[PDB]
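Take a look at the structure below.
Rest of the complex left out; these chains stay put.
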Amino acid sequence: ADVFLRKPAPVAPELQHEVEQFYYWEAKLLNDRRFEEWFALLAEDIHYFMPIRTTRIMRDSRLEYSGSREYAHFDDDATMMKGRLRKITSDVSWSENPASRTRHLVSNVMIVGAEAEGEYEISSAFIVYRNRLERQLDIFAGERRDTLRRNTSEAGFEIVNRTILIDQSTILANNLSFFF
Amino acid sequence: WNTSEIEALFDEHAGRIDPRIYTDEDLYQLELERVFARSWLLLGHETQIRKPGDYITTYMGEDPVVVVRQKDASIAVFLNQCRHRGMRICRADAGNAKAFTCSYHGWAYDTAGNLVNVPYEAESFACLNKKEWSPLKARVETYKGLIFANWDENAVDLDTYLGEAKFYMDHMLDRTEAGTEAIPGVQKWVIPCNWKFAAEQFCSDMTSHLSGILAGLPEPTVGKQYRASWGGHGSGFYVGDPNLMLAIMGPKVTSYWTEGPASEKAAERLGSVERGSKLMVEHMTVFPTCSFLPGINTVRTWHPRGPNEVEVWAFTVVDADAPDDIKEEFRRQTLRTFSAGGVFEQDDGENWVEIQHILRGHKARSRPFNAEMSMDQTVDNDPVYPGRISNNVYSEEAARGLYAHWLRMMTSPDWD
């Protein structure tokens, strides 16, 4: 990890709550399809990362995740994201695709501070539950490792770094249209 | 089934596809025997196994194969199955190996899957035949980076098979002295639909997919299509404009592709302006399951599961000498558009799933699909392009050729 070779700890608890509540909200936006409002949470230096994972022999666990010059599931700029938001908004306006039902269960949130006032480093757990059109269902779990920054918005924070560690070799659904 | 009625499944002159080809279980088992076990399949790219002893595991059809770089830098492809009780020999997705041991009962193999040691053949096996009892080996052959295999010791050569298709593959693979390296990491997802739909297809408006486009802009075109003479391949492309630039790959990756040194020069190994720099987006499908998009540069194998499911293994290739940040662009833009998360390819998937789902129905399976788009619009001599070229690019000619070779493969016991 770095930051998590050693146990957090302890903070808060006003802080603990404040973070958890941020995530619960973020999940509400995501699950309620309230996407305009969600993107607004990303810091303009957002780096939104989800490496491809490989099944490896136990001594080579090390080599599991794709590193930073290699292919990912997601590796997005603020600019690239802005652009996905355009895809979402554009489907809503002129298009006949069906809407998609999600749930984000947020959990094992651990908080350590960083340099700057300001900025906190997070580990959380996962389950995303996606049902859509009649019977399709996929369940995904994993770890979000985020960098959060304090912020004068009603939301209170902005996501500067997100690293999504899926518990998934081959991707078990048929697309990754939602957002962790 | 039966030689005669397999043939009735596809009418070429008159564009009917019988939807059962996409769903039928025994038909599927025949593809496995008469398409995959006899044609040249895409295992990956050389770059994914540089050093001796590097392996990666993939599939030919529904047979898991190990793909290993040897001491003489050759590429060995053997069936990932111990012949004793059929345990898996190589167990990670990728790695480096001095040798291979079958975890279940000790049987030890070398780097090219030769059974070299059984414990105590002293005690037992009054003379065991090591060669016989090694896994099945597959003919390996390489095309300018792309690794290919074929089980059939009688299959034609890979170059022959490819025929004049090599031409269109050169659009992505041979546009620089230094060849092409595959950016590491292979995305994989599952898409419950017949492999032929993916292959045929995909993204065949060669008219929406609209929102995907509108993603890459910060707010009726000319082109041709090629159908292979022999082996059911086919490609479709444009000539001059946005689309590549704006939209899919953006500013930099198109400057690189169309203008400046790397595109003019280098790209003039192709011996043709336009063939090198007035190209834009391009389809391309190498029968049966190999697909890539020169200009964008995702390559995929489609791996068959059911007649009802397919897996998509896709990576990205860049010119091996391309500038750092240009390679980088290829990396980001590719995944932004043609990954499972991609602003284009996330929709292609949603679709085919419905297509397959519907065919669960009796009536959905009882009348043919229309594939008569733009018939008899090919001359077969174009000044520039080999094979059988259509001059309006909006046709299902390449597609017809795909089903037509399929038909030839499905109805031969021998090689025609």
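For reference, chains read A and B in written order, and residue numbers begin at 1 within each chain.
The rule is simple: a contact is a pair of C-beta atoms (placed from the backbone, for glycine too) under 8 Å apart; a residue touches a chain by one contact, two chains touch by 3 or more.
Expressed with the labels used for the displayed chains, the entire complex holds A x3, B x3.
Simple rule for what comes next: only the chains that are shown with their structure count from here on.
Chain centres here are Cα averages; for subunit A and subunit B they lie 32 Å apart. Here subunit B touches subunit A in the complex through residues 91-95, 183-192, 208, 210-212, 214-216, 311, 315-316, 328, 331-332, 334-336, 339-341, 343, 345-347, 349-350, 353, going by the rule given at the top.
Taken in their complex, subunit A has these residues touching subunit B: 50, 52, 54-57, 60, 63, 66, 69-77, 80, 83-84, 86-88, 90-91, 94-95, 97, 136, 169-177.
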